[PDB]
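Below sits a lone chain in structure tokens, taken as the form solved without N-methyl-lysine.
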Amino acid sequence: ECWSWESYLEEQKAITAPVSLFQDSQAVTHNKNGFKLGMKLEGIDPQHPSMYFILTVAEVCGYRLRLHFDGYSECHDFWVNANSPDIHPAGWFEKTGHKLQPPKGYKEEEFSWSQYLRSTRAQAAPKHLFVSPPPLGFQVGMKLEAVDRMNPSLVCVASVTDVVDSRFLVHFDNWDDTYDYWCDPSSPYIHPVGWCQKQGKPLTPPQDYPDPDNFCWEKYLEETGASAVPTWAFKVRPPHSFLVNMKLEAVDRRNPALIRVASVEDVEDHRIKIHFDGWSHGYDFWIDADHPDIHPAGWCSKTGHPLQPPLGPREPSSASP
């Protein structure tokens, strides 16, 4: 007897997070996933977002796919939705002037898609599969203040270092490019030059900036000849309207192949804390409300992905009865 949301909600006297609370891209279930095992493509390294690698479709599940970094260990495999903006068709880097980190074994200048496909007897994922208007007012080289996602109490001197379709790459000046992240104008993690000063919050200057206590934006902009992103470009998104106890579906962070029945455990203006029904609180996690790996109830069913029901009552890792 199939698990259903309808039955569960009745048993629990619970409600779902309405579809209207989600971004269209989190909610859309009627798109076909045309990706197939073995198809090759290009994509950002999710753990080093300024970098591009050749990827192979290693698995397809509903509207999701597992991607493998050609030549490298399976330990780096990762899952995306078929509407991910972080993947691109073969030829994208050459067409757009980006650099490729070639497959393990390969030198960069010797990489050719035509030869690679020959050598691997593989096909490139067709272009029509890929979702990826400019972000108005955001251009490469402009400066801003941004939250370091790896150190979230810090608001920092940052630069736009790339623009791809509707998004841009946020870079922390003179810091490791592994702190980079992709963004759009509505991000709550970014602010105009001078925001910290106006808020009475400390600003983290560029790494090793001489006399960092006397860092001054006007001098720094003069030094670099860079412009600030204009204030008009920043488009404040409203706080989300998820409420505690609302039910939804979320990818498991420990085993990202899995999606589970989930509840809103806590809320901030722009983030929700997920609890997996039936589980210990040890696994609860905070996630951005626009994160691609949360979805409304029914998403798995409608897209053909399995949904893990709540953990049974006296199981290891289970919550109190």
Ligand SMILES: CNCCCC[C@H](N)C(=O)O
Given for the second form:
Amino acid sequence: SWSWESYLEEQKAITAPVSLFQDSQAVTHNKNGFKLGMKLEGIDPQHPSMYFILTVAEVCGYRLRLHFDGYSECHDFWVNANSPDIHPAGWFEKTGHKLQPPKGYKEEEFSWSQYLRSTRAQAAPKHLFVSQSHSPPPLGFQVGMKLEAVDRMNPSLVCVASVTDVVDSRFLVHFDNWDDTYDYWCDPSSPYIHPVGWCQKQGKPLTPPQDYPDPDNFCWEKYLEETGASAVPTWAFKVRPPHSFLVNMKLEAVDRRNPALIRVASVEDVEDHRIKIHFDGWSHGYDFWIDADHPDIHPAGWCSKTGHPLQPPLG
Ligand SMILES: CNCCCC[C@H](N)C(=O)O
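If the structure you just shared is the form solved without N-methyl-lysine, then what does the corresponding form solved in complex with N-methyl-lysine look like?
Complete assembly follows, chain above in first position.
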């Protein structure tokens, strides 16, 4: 079999130490208890504020492929078994969230008991989920508070934002007057969020809510008065320290073109909070920037220890 050890010798290279990764990205001793066919609840990666009924369509190592019941397979997506974005059947009900029903169902025609009987399926057991809303909420962040946030799809924009959901230790950042397509989950240390008035103290422009009247003259105090909303308090923002990944360090990363695959990778370039991934043996055209805390990058040896195939360098 291909060997990391042999590869490092051949390339005179080094791996990114485990210490540079979050424990969740590095942990390999947890068993993946998810099984083909089990059903559960989870957010739609395309619409992060929404919850759907999902079925385990494939299991591979410490990862699983999820399918949106009743919908096209083209919507399928992969997550790690320790994902905080999935929850046990019944979770939405116990936490006050809304659940979009499977294609073909009206929301009232939905009850997990009838559904499971009609599909002769089993709901994934509760003990397999890291997120069940039993842990503490993020400090200082409550649904309804306002803040300023970088649009990660348009990073040159720091917009007026709100906290619209809180699950365990994370919260959902929402861009005022847009749908949820630009929303993202994060924690108090995210380098993409700032307290109200940040843009002003920085001399950077602030982007007001979509179609806000007379945008050129947006005033936070006025908007907060209009909405009766309060600003996330400044003490709540505890941005994380820049990561310590150095160029040329090697690691393992999920392929962004074909998520089923994980390949041998190297750090091509770095920023304070992101690293540019290069897939050994492939064109640099495939190189991509990714946040250092992304769940899809892991230390060398992750695939082997978890039982997931690792694609060696092209050629
Ligand atoms: C939260 N920011 C959203 C920015 C969307 C930008 C896009 N060009 C548009 O105007 O549709």
